[PDB]
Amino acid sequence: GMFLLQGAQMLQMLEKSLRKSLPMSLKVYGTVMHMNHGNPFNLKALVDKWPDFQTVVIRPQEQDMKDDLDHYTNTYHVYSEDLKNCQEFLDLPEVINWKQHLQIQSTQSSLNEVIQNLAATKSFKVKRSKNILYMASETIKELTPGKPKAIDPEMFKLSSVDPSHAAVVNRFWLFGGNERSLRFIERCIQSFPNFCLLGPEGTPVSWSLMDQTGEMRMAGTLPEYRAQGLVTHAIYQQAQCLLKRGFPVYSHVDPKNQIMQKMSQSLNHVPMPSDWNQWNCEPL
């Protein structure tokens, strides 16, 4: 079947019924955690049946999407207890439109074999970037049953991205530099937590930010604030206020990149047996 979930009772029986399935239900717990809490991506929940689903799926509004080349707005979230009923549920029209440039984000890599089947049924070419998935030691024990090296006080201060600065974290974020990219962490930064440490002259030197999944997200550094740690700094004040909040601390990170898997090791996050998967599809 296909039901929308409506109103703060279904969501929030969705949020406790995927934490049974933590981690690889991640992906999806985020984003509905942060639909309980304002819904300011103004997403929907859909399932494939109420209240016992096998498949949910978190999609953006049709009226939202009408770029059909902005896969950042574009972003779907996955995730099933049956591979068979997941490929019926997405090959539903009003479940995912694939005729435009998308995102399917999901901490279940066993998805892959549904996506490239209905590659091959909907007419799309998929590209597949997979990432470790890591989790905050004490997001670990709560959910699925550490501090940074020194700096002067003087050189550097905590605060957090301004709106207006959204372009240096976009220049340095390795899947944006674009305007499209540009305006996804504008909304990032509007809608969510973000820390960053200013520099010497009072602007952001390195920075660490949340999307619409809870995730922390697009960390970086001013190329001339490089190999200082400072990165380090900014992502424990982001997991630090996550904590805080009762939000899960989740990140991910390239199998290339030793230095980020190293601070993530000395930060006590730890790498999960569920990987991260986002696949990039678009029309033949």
Contents of the next structure:
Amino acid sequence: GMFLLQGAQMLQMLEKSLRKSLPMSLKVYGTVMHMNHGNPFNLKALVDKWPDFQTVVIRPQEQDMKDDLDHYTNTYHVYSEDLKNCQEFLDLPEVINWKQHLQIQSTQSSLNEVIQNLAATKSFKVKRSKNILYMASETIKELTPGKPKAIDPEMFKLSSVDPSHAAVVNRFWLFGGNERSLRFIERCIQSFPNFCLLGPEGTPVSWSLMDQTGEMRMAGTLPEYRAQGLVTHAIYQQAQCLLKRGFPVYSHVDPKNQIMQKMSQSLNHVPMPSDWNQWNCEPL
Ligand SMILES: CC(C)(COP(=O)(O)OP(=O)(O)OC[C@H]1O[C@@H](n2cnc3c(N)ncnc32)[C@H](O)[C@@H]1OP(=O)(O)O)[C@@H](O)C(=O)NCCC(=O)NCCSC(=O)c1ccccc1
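Let's compare: the form deposited without benzoyl coenzyme A is above, so bring in the form solved in complex with benzoyl coenzyme A.
Complete assembly follows, chain above in first position.
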């Protein structure tokens, strides 16, 4: 079937249920936890059955998804116990609008077979990004049962990130470099607390952001200030903030990025037996 969850009680029940399927459910779990805190991206949680769902989809509002080309906006978060149920659910036009450029995100690699099955039926092309999934050791101990080297306090200060910094974040983001990606980064900065390090000029020189899924993403250091431990400090401070508020700490790393594999090991972030996935789907 198809049920729209409404209210904190139902979202809290969903968040509790998803804890039993971490880390495969992590991408959905993080999204729901941040929904339960003002729902700044105006998302909604769909299930095939309630309370004992087999499939959950987090999706945006139809009237926010005006630009068929804005795959940053057109993002869906999915987790399923039953791939047949999942394929029947994603087949419903009320669940996913396959006529737009869109992104499916999941920490469940087995959905690959479902998305490939629908590509035939729904007339879309798919490109998969599959990366190493990391979780903080502390999140693993809390949900599924490491300090940086110090830096010079009169050179670097912890700061909030102004929406005006989006243009710089956008220049260094592997998925960015365009106007739609800039707008998405601005929405993440406006919606969620983020950390940067200000350098000697009071300008941001290192940063780490969070998106609507609660994942730590879009981190960078200006070339002039690289290899001094700055991004490790920014991510450490972001992670401790999330942990204090009972949010999961997680991230991913492309296998090309050895630097962020090293950073992750230094902070006791652990590679998981689930992968990070993003399926980029566009109509034929
Ligand atoms: C952000 C980096 C990648 C690193 O920033 P920096 O401040 O320079 O890094 P640190 O100084 O803290 O060093 C860390 C470790 O690397 C080592 N090390 C460092 N440099 C080198 C070197 N050249 N050659 C060799 N080794 C080098 C250094 O010794 C240290 O080793 P230890 O940990 O002590 O064992 C920066 O180069 C950049 O902006 N790149 C482009 C954008 C991009 O790729 N962004 C990231 C996209 S992924 C993402 O967003 C994300 C992922 C997970 C969680 C959250 C988010």
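The term rigid core refers to the most C-alpha atoms you can superpose between the two forms while keeping them within 1.5 Å. Numbering follows the first chain given and starts at 1.
> Honestly, after the rigid core fit, is residue 229 moving at least 2 Å at Cα between the two forms?
The answer is yes; the displacement is at least 2 Å.
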